[PDB]
Structures are given as C-alpha cells and as structure tokens.
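Asks: Given next are the chains, with one letter for each unit.
Protein chains: 2
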Amino acid sequence: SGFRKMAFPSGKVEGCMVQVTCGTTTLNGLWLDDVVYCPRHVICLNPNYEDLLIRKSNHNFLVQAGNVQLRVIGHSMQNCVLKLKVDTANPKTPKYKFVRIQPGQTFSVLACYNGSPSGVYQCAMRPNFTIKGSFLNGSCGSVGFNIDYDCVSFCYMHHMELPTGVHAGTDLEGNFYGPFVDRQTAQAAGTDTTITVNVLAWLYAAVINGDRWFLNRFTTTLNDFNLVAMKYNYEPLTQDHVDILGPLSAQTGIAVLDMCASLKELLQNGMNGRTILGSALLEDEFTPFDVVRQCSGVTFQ
Amino acid sequence: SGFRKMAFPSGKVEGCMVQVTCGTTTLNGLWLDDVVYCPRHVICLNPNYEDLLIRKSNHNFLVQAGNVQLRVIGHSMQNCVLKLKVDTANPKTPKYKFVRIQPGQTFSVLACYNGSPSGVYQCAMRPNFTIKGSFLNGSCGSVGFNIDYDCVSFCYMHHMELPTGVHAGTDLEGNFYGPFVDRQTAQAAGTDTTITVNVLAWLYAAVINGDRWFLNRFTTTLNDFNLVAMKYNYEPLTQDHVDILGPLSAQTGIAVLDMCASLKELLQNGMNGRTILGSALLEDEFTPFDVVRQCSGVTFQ
Ligand SMILES: *[C@@H](CC(=O)OCC)[C@H](C[C@@H]1CCNC1=O)NC(=O)[C@H](CC(C)C)NC(=O)[C@@H](NC(=O)OCc1ccccc1)[C@@H](C)OC(C)(C)C
Ligand SMILES: *[C@@H](CC(=O)OCC)[C@H](C[C@@H]1CCNC1=O)NC(=O)[C@H](CC(C)C)NC(=O)[C@@H](NC(=O)OCc1ccccc1)[C@@H](C)OC(C)(C)C
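Just so you know, the protein sequences line up as chains A and A', in that order. A prime marks a further copy of an entry chain. When you line the first sequence up against the entry's author numbering, it's residues 1 to 44, 50 to 306, in that order. When you line the second sequence up against the entry's author numbering, it's residues 1 to 44, 50 to 306, in that order.
Treat the hints loosely; a few may be bogus.
Same chains, same label: a pair holds when it works inside one copy or across any pair of copies.
[Claimed, not checked] Cross-link-like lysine to any residue pairs, in silico, SDA-like; alpha carbons within 25 Å at most:
1) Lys61 - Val35
2) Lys137 - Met165
3) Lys88 - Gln306
4) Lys100 - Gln69
5) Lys88 - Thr304
6) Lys88 - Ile78
Worth flagging that the hints you see were computed from the coordinates, not collected in a lab.
The task is simple: from the sequences and hints, build the whole structure.
Replies: As structure tokens, then:
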C-alpha cells in the first residue's frame with residue numbers, strides 16, 4: 001500500500017534523447033528510427054522559420070548521441086517541430102506512438118539538458134492547455150510520455166515558459182497544446198480550473214489506502230454537485246467522467262454520487278486541519294487509470 | 001522555472017533489475033557485476054535463514070534478466086540480503102556505490118514487480134527510519150538510489166510494510182534502517198517528526214521560484230526558533246543544518262535565521278488559506294542539495 005506521485009520508468013526514453021546544435025544553438029532532440037525531432041526554435050521575437058530552414062544545410066546540424074555524431078542527411082519542418090533524417094536508425098528505438106492528449110490526462114516528463122536526462126516527474130495537461138513543470142534554459146525538446154503497454158506514447162515536447170512560471174509545448178506533430186506560438190510576443194494562459202474527475206479518482210485512491218474519514222452518509226444529484234463544484238472553480242462533472250469512475254466505484258463499493266456528496270462537504274466545510282493521503286489540498290493530477298495502475302495494475306509488470 | 005517532486009532518471013537501475021525465484025517464491029533482485037542482491041525472504050513468522058540457506062543449492066535459484074536465464078554458481082547471505090554469484094557479469098552494470106543514508110536524506114525508488122520496472126517516485130528516510138512509499142505484494146528487492154555524478158549510489162532495498170502503511174528496508178549490505186526485522190512478528194515505527202532543514206530548503210526553492218509572501222521583516226535566535234519548532238513536532242535545527250543552508254542563503258540573500266523567523270510565523274499563524282509552490286503543507290522531502298540540483302545544477306547534465 002501507499003500512494004505517491006508515480007512517473008513511468010524513463011529508460012526507453014533516455015535511449016532516444018540526443019543533443020541537436022544548429023550552428024551554435026543547442027537543445028534536446030528525440031531520436032526514433034531514421035529521425036530526430038526537436039523544436040524548430042533551434043534554427044534561429051517573430052522569426053520566419055520557413056526561410057531560416059531553407060537557408061540551412063545538413064552540415065549546419067550537429068547531432069550527438071553521447072559520443073557518436075549522427076550524420077544529418079536531410080531536414081524538414083512539420084508545424085513547430087524540426088525533423089532531421091539521419092544516416093542511422095536508433096537501435097534503442099522502443100515501440101511508440103505519437104498521441105495528442107486532452108486536458109486532465111497525466112504523463113511523465115524526462116527533463117533533459119545538453120541531450121542528457123537529468124530528472125523525471127509527473128504532469129497533467131491543465132484545462133488551460135498549460136503544464137506545471139520544472140524547466141530551465143536548455144530544457145526545450147524534453148518530452149512527455151505514457152508507457153501504454155510495451156509502447157511509449159509520446160504526447161508532449163517542451164517549447165516555452167509563460168510569465169506565471171507555467172509551461173507550453175506541442176504534440177510530436179509539432180502542434181501546440183492551447184493557443185500558443187513559439188515566438189517571444191506577450192502571450193498568457195488565462196485562468197485554470199480544477200480537474201473534478203481526477204480529484205474524485207484520488208478520493209478513491211485514499212479509500213483504497215484506508216483513508217476514510219471524509220466519507221459521509223449523504224448522496225447528491227450530478228446537478229446539485231456541479232452547482233457547488235463550479236463555485237470552487239472545479240470543472241462540471243460530466244456523465245462520461247461518472248462513467249470512467251465506474252471501476253473505482255465497484256472496487257470500493259462507494260457510488261460515484263456518494264463520493265460526489267463527500268467531495269461537496271469537503272469543499273463547503275474544508276479539511277478541519279486534517280489531511281487526505283498526507284495532503285491538505287484535494288489533488289487533481291491523478292486520473293482514474295493512474296489510481297488503478299499504482300494500486301494494483303503495477304503487479305502484472 | 002517551476003518546482004516538482006523530481007526523481008533521478010531510472011534507466012541505469014532498470015538495466016540491473018532481474019527476477020529471482022527460489023523454488024516457487026519470486027521477487028526482485030539487483031544485478032551488478034558477478035552478483036544478484038535480493039531480500040533473503042525469497043528462500044522461505051520467525052524463519053531461520055542460515056539453515057534454509059544451506060539446505061539450498063544453485064539449481065534451487067532461477068534468475069532471469071528479461072528472457073535470458075542467469076546460471077547461479079553460488080549463494081551467500083550478508084545480514085538481511087541474499088547474494089547469488091552468477092556465470093555472467095551484467096554488461097549494463099553502471100558505476101555505483103553502496104551508501105547508508107541518514108534520516109532526512111532523499112532518494113528515488115524504482116518500484117519493480119516480476120523483475121520489471123513499473124514506476125519511479127522520490128522518498129525521504131524519515132526520522133523514525135521509515136519511508137512513505139507505494140509498494141504492493143511482489144515489490145521486495147525494489148531499490149532506492151541517488152545518481153551522485155556518473156555514479157548510482159544505491160541506498161535502499163525494499164523488505165516490508167508496517168501497519169501504518171509505511172515501509173522498511175535495508176542498505177545493500179542488508180542492514181535494516183531503524184529497529185526492524187524481516188519476520189512477521191508485531192513491530193511498529195513509532196512517532197515520526199518533521200525534517201526542519203528540508204522545510205527551510207523548500208522555502209528557499211519557493212523564493213527562488215518567486216513565491217515570497219511568507220517572508221517577513223523579523224529575525225530570531227536558533228533557540229527561540231527551536232522553542233517554537235519543537236512545539237509543532239519539528240526536529241530541532243542544528244548549527245550543522247544552518248551550515249548546509251548557507252549556499253541557498255547567499256543565492257537568495259535571505260539569512261537562515263530570517264527564513265527561520267518566516268517559518269516560525271507560518272507555524273504559529275498557519276497559511277491563511279494561501280499556498281507555497283502550490284502546497285498547503287510545508288514540504289520536508291526536499292534537501293538543500295535537491296533544491297540546487299532542480300533549480301540550476303540540472304543544466305550541466
Ligand atoms: C527552451 C529553449 C532552449 O532550450 O533553447 C536553447 C537554444 C526554453 C524553455 C524555457 C526557458 C525558461 N523556462 C522554460 O521552460 N524556451 C524558451 O526560451 C522560449 C523560446 C521560444 C518561445 C522561441 N522562450 C520562452 O519560454 C519565454 N516565454 C515567452 O517569451 O513567451 C511569452 C511572452 C510573455 C511575456 C512577454 C513576451 C513573451 C520565457 C523565457 O520568457 C518568460 C519571461 C516568460 C520567462
Ligand atoms: C515484499 C515481499 C515479496 O515481494 O515477496 C514475494 C515472494 C513485501 C512488501 C510488502 C507487501 C505489502 N506492502 C509491502 O511493502 N514484503 C512482505 O510481505 C513482508 C515479508 C517479510 C517481513 C518476511 N511482510 C510484510 O511486509 C508485513 N508486515 C509485517 O508483518 O511486519 C510487522 C508486523 C506488524 C503487525 C503484525 C505482525 C507483523 C505486511 C504484509 O503486513 C502488514 C499487516 C503490516 C501489511
């Protein structure tokens with residue numbers, strides 16, 4: 001037992017991480033098969054990458070996997086991502102997919118500098134298409150991922166920080182999450198919201214781990230729950246979020262609307278100085294799947 | 001910028017993780033060089054391992070690294086750890102040390118089942134020689150580690166859970182942290198304490214990341230700070246903990262006793278519903294070194 005902020009093992013991703021320099025500008029790339037993927041920002050207020058890209062040649066790109074230099078035999082741009090075709094297929098290429106995720110979904114970040122992995126942590130795509138990361142100068146090209154079965158689902162590539170100390174990036178087809186651009190013109194995320202379905206998933210993790218004080222005798226309708234939830238800046242709970250909470254409901258024998266009723270009381274009356282899984286806030290960066298993986302799914306590894 | 005619960009990349013450790021079965025009892029082992037290390041519990050209320058061990062032979066031990074079977078050519082016991090000598094030196098053996106850590110120090114856990122890595126999270130050795138982990142049936146032989154430079158410092162091997170949903174384990178010489186034994190006789194951890202020096206390290210991370218509301222004009226002596234801290238179940242701050250807070254003090258230009266003064270006000274007056282780095286509790290599972298690594302040290306990777 002126990003409940004931690006658990007990331008996926010990073011090894012399969014560490015084997016794909018390389019350094020990409022265009023002239024003397026350096027950041028991280030992802031080396032899968034023939035191709036290295038990195039932010040197009042490497043080739044540079051309001052730049053015209055289309056032209057900067059064509060004005061470049063394959064000798065303007067130095068890619069190193071540790072010691073070894075990868076010979077760049079072509080370069081192409083797709084959205085905000087650069088793709089460099091190289092002589093060599095990465096022999097440590099795992100099984101993988103490029104996946105575009107929805108707000109509320111979680112993933113692991115391997116933070117990289119100079120093409121070398123320095124750390125792992127768990128993130129959520131926030132409702133405002135931001136992530137709350139930890140990224141410094143040189144982190145761009147760091148990727149987010151889930152390990153779906155034997156298979157790395159890459160969902161995020163790091164591009165920038167906004168003034169609130171929050172972070173923005175693309176899918177691996179180089180399309181931004183949310184309304185952001187890879188240029189240093191004033192942009193802002195706008196107000197975030199709490200991920201209702203993830204908080205309920207985490208009250209279910211708390212019960213599974215024997216933290217039960219917050220449970221009550223009451224029930225609620227979906228509309229009476231949302232009427233309270235949206236006052237406290239929580240996303241409305243949708244029938245579909247009730248649906249995917251079904252398996253955690255059956256395991257615990259606590260009906261989703263009864264957990265809603267317990268959540269409603271917590272929001273109106275606070276914690277009374279008590280904690281839930283060693284937290285004084287309701288946590289919203291665990292999904293239903295995250296709870297089932299950590300609390301049991303993990304033993305079949 | 002940003003501050004997350006950051007683990008070390010797990011790849012170097014994933015390359016050492018193997019499955020160890022003695023007859024039909026299965027758990028995780030650590031494959032470094034000639035040797036696989038695992039809990040002696042694999043060879044089994051109050052067992053006599055010395056005898057159970059001798060009554061065993063090298064064909065009673067099946068070790069698999071993925072597909073490949075490792076031929077066991079000898080077995081030996083050191084404290085609570087089994088060491089199996091094998092035909093083959095692990096070709097993915099990283100540079101490593103066995104290190105015994107002190108309460109307050111943090112490390113990364115690679116949680117393993119069936120010899121396969123399933124997750125990574127960050128832990129602290131608690132003052133009561135417990136860790137707050139996430140471990141199920143089959144997790145034993147999962148290791149804790151720091152990556153000190155190029156070098157994996159292995160500090161923990163998982164052995165058991167106590168009734169409070171907390172966890173106990175050994176160094177890699179198989180000596181327990183704290184007063185615990187690898188037998189299913191009633192043991193208990195006893196009351197824990199808050200790691201004063203880590204909380205101050207994390208108020209320094211908060212300032213570095215521009216979270217500054219809690220700072221005040223006041224100062225305090227060490228004794229007046231401890232007089233308040235120990236009321237709230239915090240370890241007394243020692244001159245030596247003031248010492249290792251020096252580099253974070255100079256970087257932020259906030260004197261350690263001024264941060265102490267700010268901590269004293271937080272403990273006496275609470276948060277007023279405000280948060281610090283998105284937390285409503287003072288966090289004590291970041292050390293001084295952890296703050297410097299995440300906030301800057303990481304870019305030299
Ligand atoms: C990755 C770049 C890299 O590795 O390249 C080295 C060659 C970094 C990651 C940033 C660094 C700081 N923390 C991170 O996560 N990315 C960048 O530096 C971005 C470059 C591209 C956008 C070209 N720039 C920023 O992230 C920038 N944000 C920004 O300017 O955009 C919005 C904006 C808001 C107000 C005013 C103007 C623009 C950062 C560095 O700027 C701050 C002030 C928001 C921190
Ligand atoms: C690792 C064993 C493994 O993988 O072997 C498979 C062959 C597990 C890890 C535990 C499982 C549950 N969560 C964990 O972290 N280790 C064990 O099962 C321990 C075996 C050795 C001690 C022989 N047993 C326990 O952890 C046990 N604790 C315990 O009995 O010790 C103190 C005690 C307290 C009260 C009464 C008697 C003894 C757990 C399983 O028992 C509970 C009730 C404390 C959960």
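Asks: Pop the pair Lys61 and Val35 into one bin, within, between, both or neither, using alpha-carbon distances up to 25 Å.
Replies: Answer is within; shortest intra-copy Cα gap is 17 Å, inter-copy 51 Å.
Asks: Are the CA atoms of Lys88 and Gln306 at most 25 Å apart within a copy, between copies, both, or neither?
Replies: This pair counts as between: shortest inter-copy Cα distance 24 Å, intra-copy 33 Å.
Asks: From the Cα coordinates, with 25 Å as the cut-off, is the pair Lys137 and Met165 best called within, between, both, or neither?
Replies: Within one copy, since 12 Å is at most 25 Å while 34 Å is not.
Asks: Between copies, within a copy, both or neither: which fits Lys88 and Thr304 at Cα up to 25 Å?
Replies: Result: close only across copies, 24 Å inter versus 38 Å intra.
Asks: At most 25 Å between alpha carbons: which applies to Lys88 and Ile78, within, between, both or neither?
Replies: Within. Shortest intra-copy distance 11 Å satisfies the 25 Å Cα cut-off; inter-copy 49 Å does not.
Asks: Checking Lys100 and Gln69: alpha-carbon separation at most 25 Å within a copy, between copies, both or neither?
Replies: For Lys100 and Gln69, both the intra-copy (22 Å) and inter-copy (22 Å) Cα distances are at most 25 Å.
Going down the numbered hints, you'll see the structure goes against none, and every one checks out.
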